Amino acid sequence: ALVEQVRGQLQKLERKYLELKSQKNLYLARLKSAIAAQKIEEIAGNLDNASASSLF
Amino acid sequence: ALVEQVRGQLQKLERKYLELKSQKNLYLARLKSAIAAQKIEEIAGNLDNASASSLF
Amino acid sequence: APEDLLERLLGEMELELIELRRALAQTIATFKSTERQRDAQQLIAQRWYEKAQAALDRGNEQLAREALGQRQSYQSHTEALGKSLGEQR
Amino acid sequence: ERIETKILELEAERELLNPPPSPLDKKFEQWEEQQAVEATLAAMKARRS
Amino acid sequence: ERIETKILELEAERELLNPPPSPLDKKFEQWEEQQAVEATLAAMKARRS
Amino acid sequence: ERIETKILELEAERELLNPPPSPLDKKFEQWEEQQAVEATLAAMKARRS
Numbered sequence: 113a114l115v116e117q118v119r120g121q122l123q124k125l126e127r128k129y130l131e132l133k134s135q136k137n138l139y140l141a142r143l144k145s146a147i148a149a150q151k152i153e154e155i156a157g158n159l160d161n162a163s164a165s166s167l168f
Numbered sequence: 113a114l115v116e117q118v119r120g121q122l123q124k125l126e127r128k129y130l131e132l133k134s135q136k137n138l139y140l141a142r143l144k145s146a147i148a149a150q151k152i153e154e155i156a157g158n159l160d161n162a163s164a165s166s167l168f
Numbered sequence: 024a025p026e027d028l029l030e031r032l033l034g035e036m037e038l039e040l041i042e043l044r045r046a047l048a049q050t051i052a053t054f055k056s057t058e059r060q061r062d063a064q065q066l067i068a069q070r071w072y073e074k075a076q077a078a079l080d081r082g083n084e085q086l087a088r089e090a091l092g093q094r095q096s097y098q099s100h101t102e103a104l105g106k107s108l109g110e111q112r
Numbered sequence: 169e170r171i172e173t174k175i176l177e178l179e180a181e182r183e184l185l186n187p188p189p190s191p192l193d194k195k196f197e198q199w200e201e202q203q204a205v206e207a208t209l210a211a212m213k214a215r216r217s
Numbered sequence: 169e170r171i172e173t174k175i176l177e178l179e180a181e182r183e184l185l186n187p188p189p190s191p192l193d194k195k196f197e198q199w200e201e202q203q204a205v206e207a208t209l210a211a212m213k214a215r216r217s
Numbered sequence: 169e170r171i172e173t174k175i176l177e178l179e180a181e182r183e184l185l186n187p188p189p190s191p192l193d194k195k196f197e198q199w200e201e202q203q204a205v206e207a208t209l210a211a212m213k214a215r216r217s
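Residue numbers (PDB author numbering), protein chains in the order written: chain U, 113 to 168; chain 5, 113 to 168; chain 0, 24 to 112; chain Z, 169 to 217; chain Q, 169 to 217; chain 1, 169 to 217.
Result set (BS3-like, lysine-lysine): computed pairs, CA atoms no more than 30 Å apart in a straight line: (1) 128 (chain 5) with 174 (chain 1); (2) 136 (chain 5) with 133 (chain U); (3) 213 (chain Q) with 194 (chain Q); (4) 124 (chain U) with 136 (chain U); (5) 151 (chain U) with 55 (chain 0); (6) 194 (chain 1) with 133 (chain 5); (7) 55 (chain 0) with 136 (chain U); (8) 106 (chain 0) with 136 (chain U); (9) 174 (chain Z) with 144 (chain 5); (10) 124 (chain U) with 74 (chain 0); (11) 106 (chain 0) with 195 (chain Z); (12) 194 (chain 1) with 128 (chain 5).
Some, not all, of what chain 0 presents toward chain 1, calculated at C-beta under 8 Å: (13) 74; (14) 77; (15) 89; (16) 93.
Since the hints were derived computationally from the structure, they do not count as laboratory data. Note that the Cβ used here is the ideal one computed from N, Cα and C, for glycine as well.
Go ahead and model the full structure; you've got the sequences and the hints to work with.
And the structure:
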């Protein structure tokens, strides 16, 4: 029973690992997109062309 | 029994070897194609002819 | 000089139009990888479907019970990944 | 398996650079092509019937 | 014997962290599963009877 | 005797890495194989009876 029981733990845990690994890239990818596409609009604020605080 | 049993291991393992060998070339071949045909399109990007960031 | 900044600021923009470009590559890469995994699991379940497709004939129903009972575990995985793939699109 | 991911990473890398044609044109080229072969043949099947 | 207590302490330590599923769902998964195999088989035993 | 334990340790080490096929498939391969030889022979014993 112990060898059968212990194997079940490993099988369940092993699946949970690769599942976690896949999600890691997705959240990281959204972060860079949420930072790269994020970090541009502010410098366009210095070139707002919509107020009187821009260089333009 | 031992000599009969041990031979079965070698026969099964030997087949698995050449099977692995065949797949190695196929994946490597797709990689070079996925790199050679891959590495051209970027330099065409410098000659995009579709934007205002190309030499053309 | 304000004129001097006008060229540097636009230069720093160019670094992110490619940085964001790289980020999209990672996102789409995962979508392709997630898509492929779905085919393999259903293929295995599909194989068990053909395996169960060879037992219920000529009255061997008891064998079909166990065969399809095993397919159910694989079937659940297919549903979970199917919804995730649509969401990521 | 990781090699396949690299292939997938590279293959899909320039699915961005060169986006695939939209279905609208894909819905027209064949749509006009069928007429193109038949319409150009329409005279063929009539002029030299 | 004290080792067994440590094992029991550790094994039950995360019976808290990850609580076991309540009987309600445990009373349904099997309850729906029996239909799942039979219902999906209901067409099997009829379509290809 | 301790050598045998090392052999047992090593032999069973990769009973984990490559788990043996479950009885379900082991209950089918032979089950389908008997039909495979007879069914393919079913035509043999009839076509060239």
